[PDB]
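Only one chain comes next, encoded as structure tokens, the form solved without the DNA.
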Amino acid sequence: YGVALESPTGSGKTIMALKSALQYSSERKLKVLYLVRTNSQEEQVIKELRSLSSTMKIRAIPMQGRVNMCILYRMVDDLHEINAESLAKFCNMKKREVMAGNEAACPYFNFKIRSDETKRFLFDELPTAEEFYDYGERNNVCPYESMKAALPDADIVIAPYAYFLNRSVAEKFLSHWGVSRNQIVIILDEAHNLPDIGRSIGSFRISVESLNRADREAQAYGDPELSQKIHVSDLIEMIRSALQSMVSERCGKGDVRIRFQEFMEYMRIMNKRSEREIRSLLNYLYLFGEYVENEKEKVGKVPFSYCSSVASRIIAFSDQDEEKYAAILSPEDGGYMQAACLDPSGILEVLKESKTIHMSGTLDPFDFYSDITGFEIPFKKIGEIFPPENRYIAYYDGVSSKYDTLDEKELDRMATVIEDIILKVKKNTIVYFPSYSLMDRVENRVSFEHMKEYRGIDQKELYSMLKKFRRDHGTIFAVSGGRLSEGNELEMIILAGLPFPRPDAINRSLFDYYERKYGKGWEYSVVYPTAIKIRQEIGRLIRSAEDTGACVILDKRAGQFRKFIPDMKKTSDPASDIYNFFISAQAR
């Protein structure tokens, strides 16, 4: 039901896909779906599809949910949480008012949704979703409805994972396409993220600021009596103080694992009631949400209720999840409790109901991906092989890690070794750190003109640095997991510390899960993901068979990763060996 392929990185990954997935494609009616995580990857796919469009016929359109593609809803209202359901009701009512006679109701709903001009743009130019949104904006035509209008005559579709893996959304999506999950083919772009996408989509949380929000909604819409003497506002106060007492009492320096029944226990003891009562009041809150939703709708607002969406998430929290999820409490962002999905096999399972094709270029040992993802498929290493002498991977002793976030002494060795390498190699380097504290500690010990990448991010200032990166000079600092992971220019990578997952309660839980299941919690929850994080930087450094680069790791326990990286070396003088490597590269 699936195939996993590995291509050496860059400009090819998605061309190879249709070149390895014209198999089936259209001889058995099938539709080609392209799932993508970030919008940055989306366009790296679409740019490829655009190139091959002149080769032979392909009719593609990007597809995304109203949550992204509805223009109106951000002007009419602006909520801090939202969902596809509420936007459905909202929009359907607007379309009613337009079709009834009030075109102003929603000025983006008109003939242009079905016009040749619009459909020409979608197929002949094949924009990204962000690009087709902009088109729609300037042309006063709804992007979403346009996509859905163009969909039934589309052979190929490029959508986010979070769109399709939303069960209720996928059903409407396919009901309009005409295709069924039998008649589909799904290409999983950068499928090395599949495990993480599952755990992400699967998880949910109830945060204090979310209760705060429902509290204001409660006051807005009557704050009626749920029980005789307990109002909506009172119930919310009960639920927030359960959470706050839990965060106060249960956790210190950060996250903590708790048991799901604990919240209800805290709920029961504090307020002197049993489950029946608390379950009921929680239900009566969801019902109030339903009232709020109806009341917002009949006015013309987006019918989204914080009390409705909170009610369900608490019910969901307290009810299921004991085996495949973990109950994490957290002090962050006022506090929240979370259902951390530890095993994404059950979320991703819906995919093997269609034919899947797992594209990456970075999932070295497949067993881990198969065991984690729960995908029992063949694995082929389809990719014309780049020579190993064109690459240089090595790890270094000096900066010996007895602790993972301590020792000023061994942090000086981190600064010096870096400074020796960059000043001597003199090439376009980016130094990934495992955290912001180590990067900030190193930067003030270091004394060379570099380029920061601190929290805040914002899309505009990311390019301002990227402009000066490609053009002149060289060095850039970044935290590994950050947004420099989304991209000639590059040449050397200095992993200033091996990018392990943080001492989370979640990562602790994941270890336990893959300890109780395979007796290898370390290999499954720490190493394999870290190896795949590394390989990715190595992969984004060398994309061509004629491109060159180096990648050092400053870590004493980096030796582990030889069986994941079969051409890694070890160094005691990395500065000189990398320089000696680059002299050998220049030669040719």
Contents of the next structure:
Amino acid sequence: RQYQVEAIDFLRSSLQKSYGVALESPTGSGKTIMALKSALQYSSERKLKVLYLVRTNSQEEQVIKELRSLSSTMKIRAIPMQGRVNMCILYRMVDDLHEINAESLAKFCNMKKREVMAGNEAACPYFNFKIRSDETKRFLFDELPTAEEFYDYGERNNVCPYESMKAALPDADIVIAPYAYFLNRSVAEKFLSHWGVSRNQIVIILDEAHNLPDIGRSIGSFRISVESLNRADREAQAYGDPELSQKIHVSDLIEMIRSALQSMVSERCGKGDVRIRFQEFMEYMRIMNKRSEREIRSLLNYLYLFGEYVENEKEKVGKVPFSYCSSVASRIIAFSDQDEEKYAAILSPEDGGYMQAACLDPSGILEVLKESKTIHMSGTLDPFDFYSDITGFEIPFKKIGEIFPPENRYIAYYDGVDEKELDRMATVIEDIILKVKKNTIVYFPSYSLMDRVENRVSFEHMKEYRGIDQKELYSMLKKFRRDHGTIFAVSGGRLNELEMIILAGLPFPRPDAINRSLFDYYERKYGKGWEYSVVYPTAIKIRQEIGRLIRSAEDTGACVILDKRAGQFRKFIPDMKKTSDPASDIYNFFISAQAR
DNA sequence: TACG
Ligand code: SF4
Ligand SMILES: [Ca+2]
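Now show me the form deposited with the DNA bound, since the one above was the form solved without the DNA.
The complete assembly is shown below, putting the previous chain first.
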């Protein structure tokens, strides 16, 4: 109700006079409706389309549900859009590649469609008149499936989801797409073109925008792994392993690359990840092979031209024209030409060994979004100054504070909590749990600590473990909402029903190379390394978790933070109490709330 | 100064 009116007003007027707007508003405030109504209002006046970017299928389904409602209220021409990597049914049938890209799939699809047009309808049996049928268009526009549901619909009806989405798109006013789809600039431009629209002509809603920095860093980062090298090696043998020069064959070049990477990892990586200089890869190359830099560069160029050859050979024989040689050479070459200030060259022994261009500053990647009107929504994004510096977005901001009765939520920190430190941490967690007897999830900073703590004990509990799983995460959540007690999980993972959360320590980031790189970056740039690389991400983590506790005026919930250093976060959690025995303090809180 |  009332919080929504003033937020919509603020969002609407802000768009007239700025390139975007940022709204913080708590969980349960209806961010997606506030954004939709503001954007639709604004866009109807000026004849613009609306693009809603989401990071996960869960954010996707939330938005698509809201949009389905409005559909009765008003006429809503919305579809999901995703690229061929997720929506092409055919290629995972005819091939099992371990890496893929959009361009290889365009070439592959276009060839399949030509074969179908030439009268070989079985070449791709998904490419048929149904792509443009009233049945298909009605299901998209009237049912408004998620991309997952539409893929499932497409399999069942023998019709291609990708092409169907693309055919409906000129007639969509609203598109729900992954950040990863739209922020791929190559893909983006084809996509705007099939939409029939310029960047000037859209309002983009950035769902859960507090992730925007990491979404930028992630799409801006790339790596070269040993395993990628190995797949290139195989590809080289299959395609003739030609001389690139001198008496250096493709496989020799690959061996040079791999052995350099392996030597770097063996000599440089101690405790874990380490930051190196970009030219160091080249140095190893030069010294191990007694070659100049210009000679190694020429060989890398020859390796890319070889990959071009492989893509061409694959294409003409009907395969997906993806080349690991091409993919590897372009990453090695880009790795060596990277902005030494905005990026960190990172060496890791993880996953068999890799080298990475870690994008430290996402403002560059995120900048194309300024060509559109943007709406940045999150529960978890003040101090805006921090967001602005980091994203490069200088736009009006409004915080909707608390909308729900403050007495229905108890947040506290306890300062009592090494091998003795664990035993205390466990004893403290135990009293709270056994004594309070309510549906709880305990968040740990690390899996190690989770395990270390998961004895002493015990009480029944479940664990968002190791490499869950996607499927298993659902069975787990569903268990927790019925035969329901205590869940353990880590702050990195994908996490009435939820009544308590216990933070077994503050989820500070690991002091690894990337994080130290980010610290150094923001320290050199703003003298705020600690604030931007440690404090702000941790506050965000904490609030996202707390935020799930109350999603209604009548919802009840407690959170306790088992950490001395928690008072430091009051400036992001201003209502937080200190406690000296949280067991009883919390216990008494739930009694009070039971009174009505 | 202060991150697992
Ligand atoms: S029509 Fe669809 S399924 Fe067939 S190749 Fe193209 S994208 Fe893949
Ligand atoms: Ca190519």
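Numbering follows the first chain given and starts at 1. In this text, rigid core is short for the largest set of C-alphas that superpose within 1.5 Å between two forms.
> Determine, with the core as the superposition reference, the one member of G346, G178, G383, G222 that shifts its CA by 2 Å or more between these two forms.
Of all the options, the C-alpha that shifts by at least 2 Å belongs to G383.
> For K253, tell me the Cα shift between these two forms once the rigid core is superposed, in Å to one decimal.
So the C-alpha of this residue moves 1.4 Å.
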